[PDB]
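Trainee: Take a look at the letters that make up each chain.
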Amino acid sequence: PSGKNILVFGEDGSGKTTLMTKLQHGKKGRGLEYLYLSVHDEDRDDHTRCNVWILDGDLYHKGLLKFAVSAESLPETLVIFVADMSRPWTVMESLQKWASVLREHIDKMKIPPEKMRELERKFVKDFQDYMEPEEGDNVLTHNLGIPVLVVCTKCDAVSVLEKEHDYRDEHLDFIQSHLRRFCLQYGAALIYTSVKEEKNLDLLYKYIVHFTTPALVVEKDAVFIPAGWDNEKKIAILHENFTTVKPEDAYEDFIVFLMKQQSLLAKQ
Amino acid sequence: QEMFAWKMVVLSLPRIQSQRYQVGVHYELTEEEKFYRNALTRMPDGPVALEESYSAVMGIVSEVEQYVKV
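In order, the protein sequences belong to chains q and m.
Per the entry's author numbering, the first sequence runs over residues 52 to 75, 79 to 190, 216 to 289, 296 to 340, 361 to 373.
Residue numbering for the second sequence follows the entry's author numbering, starting at 984 and increasing by one per position.
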């Protein structure tokens, strides 16, 4: 096979050690490098270079980010970017930023073509049709379909951020609600990961390309969700934990000449 | 596909030109802005990576040239 693509986006890097080690540069802040990954066929690799470029920053590198998400990923383009589950603003911001980064790498590079959404309608209809239900459907997703796996990492700092401003798991439930709202607003896998819990970021990407992955939020540490877990009724009604029902405001409200002259005047 | 060299070099050349130009300053061409140190004689230093800021905005193209294998 040939080389596919995925454009994982990380804002200026900012410590991609644990997040990169859980999944797979010139410096700690290089900027839109070309990382990779691979898929399998039950026995080994068959030159299927399904690259997952974890671009740790993109300082004036829109062309490098577009080169990373090449057009060869028409059959499988699942960007699995890192995130910060310390607060709801960072979780919702990273998920929406992942979808917008995939759309930016596409639209900032595919300005010449226009029938891509036309072919994507039938292809993504046959693809997401068998993946919309079984959320553990009808979710208000975006205008088109861009698979962006929002891997919510850094939930080990979720307790410190939740106790510094709420002294309980209120910010944790808020981050869970942020992931759920972005999921119902986009239709993907809001798989969150905490300290030694739910290490399944590329699992949803592998199950929805053309391993294991759980989904639970009762532990109040990692609200994992599969690619298809998107609803806004029970989660929106139970979103009142230290807030209102179906809220998104948490993301927005949480993101010696003069000396000689003086001597002469003093002497007078 | 065993042609992982020509296409990789072309996309690399595009990414190398789109990587060796991190806006030259970008108002923040480094890991972050100036900040406070922990315990040393550099409380009013430039940054912990001032010389490495060059290595960062330069390292983008280096990371592309090195990981541009396939």
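It should be emphasised that the hints constitute simulated quantities derived from the structure, not laboratory data.
Heads up, a few of these hints could be off.
To be verified - Restraint-style ranges between C-beta atoms, simulated for each label pair: (1) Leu363/q / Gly1029/m: 49 to 59 Å; (2) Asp1028/m / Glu174/q: 42 to 52 Å; (3) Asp1028/m / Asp95/q: 44 to 54 Å; (4) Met1026/m / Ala236/q: 19 to 29 Å; (5) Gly1029/m / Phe177/q: 46 to 56 Å; (6) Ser53/q / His1009/m: 26 to 36 Å; (7) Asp97/q / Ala1022/m: 46 to 56 Å; (8) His101/q / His1009/m: 30 to 40 Å; (9) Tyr246/q / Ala1022/m: 27 to 37 Å; (10) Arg1020/m / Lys275/q: 25 to 35 Å; (11) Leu996/m / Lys164/q: 17 to 27 Å; (12) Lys169/q / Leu1023/m: 20 to 30 Å; (13) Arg1020/m / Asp99/q: 42 to 52 Å.
All C-beta atoms, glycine included, are put in the ideal place defined by N, C-alpha and C.
Trainee: Taking the beta carbons of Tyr246/q and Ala1022/m, is their distance inside 27 to 37 Å?
Mentor: holds (30 Å)
Trainee: Taking the beta carbons of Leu363/q and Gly1029/m, is their distance inside 49 to 59 Å?
Mentor: This hint is violated: roughly 33 Å between Cβ atoms.
Trainee: Verify the CB-CB distance for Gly1029/m and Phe177/q against the hinted window 46 to 56 Å.
Mentor: With Cβ atoms ~51 Å apart, the hint holds.
Trainee: Starting from the range 20 to 30 Å, see whether the pair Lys169/q and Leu1023/m falls in it by beta-carbon distance.
Mentor: violated (59 Å)
Trainee: 42 to 52 Å was suggested as the range; check whether the CB atoms of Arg1020/m and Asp99/q agree with it.
Mentor: The hint (42 to 52 Å, Cβ to Cβ) holds, given that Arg1020/m and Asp99/q are roughly 46 Å apart.
Trainee: Does the hinted range 42 to 52 Å hold for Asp1028/m and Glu174/q at CB?
Mentor: Given about 51 Å between the Cβ atoms, the range holds.
Trainee: Go ahead and decide if the range 44 to 54 Å is satisfied by the Cβ distance of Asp1028/m to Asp95/q.
Mentor: Because 53 Å falls inside the window, the suggested range holds.
Trainee: Using the beta carbons of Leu996/m and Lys164/q, state whether their distance is inside 17 to 27 Å or not.
Mentor: For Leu996/m and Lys164/q the Cβ distance comes to about 20 Å; the hint holds.
Trainee: Starting from the range 26 to 36 Å, see whether the pair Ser53/q and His1009/m falls in it by beta-carbon distance.
Mentor: holds (34 Å)
Trainee: 30 to 40 Å was suggested as the range; check whether the CB atoms of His101/q and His1009/m agree with it.
Mentor: Once the Cβ atoms are compared, 37 Å apart, the range 30 to 40 Å for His1009/m and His101/q holds.
Trainee: Could you check the hint for me, namely that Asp97/q and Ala1022/m are 46 to 56 Å apart, CB to CB?
Mentor: holds (54 Å)
Trainee: State, for the Cβ atoms of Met1026/m and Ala236/q, whether the hinted interval 19 to 29 Å holds or is violated.
Mentor: holds (26 Å)
Consistency note: the structure conflicts with the earlier hints numbered 1, 12.
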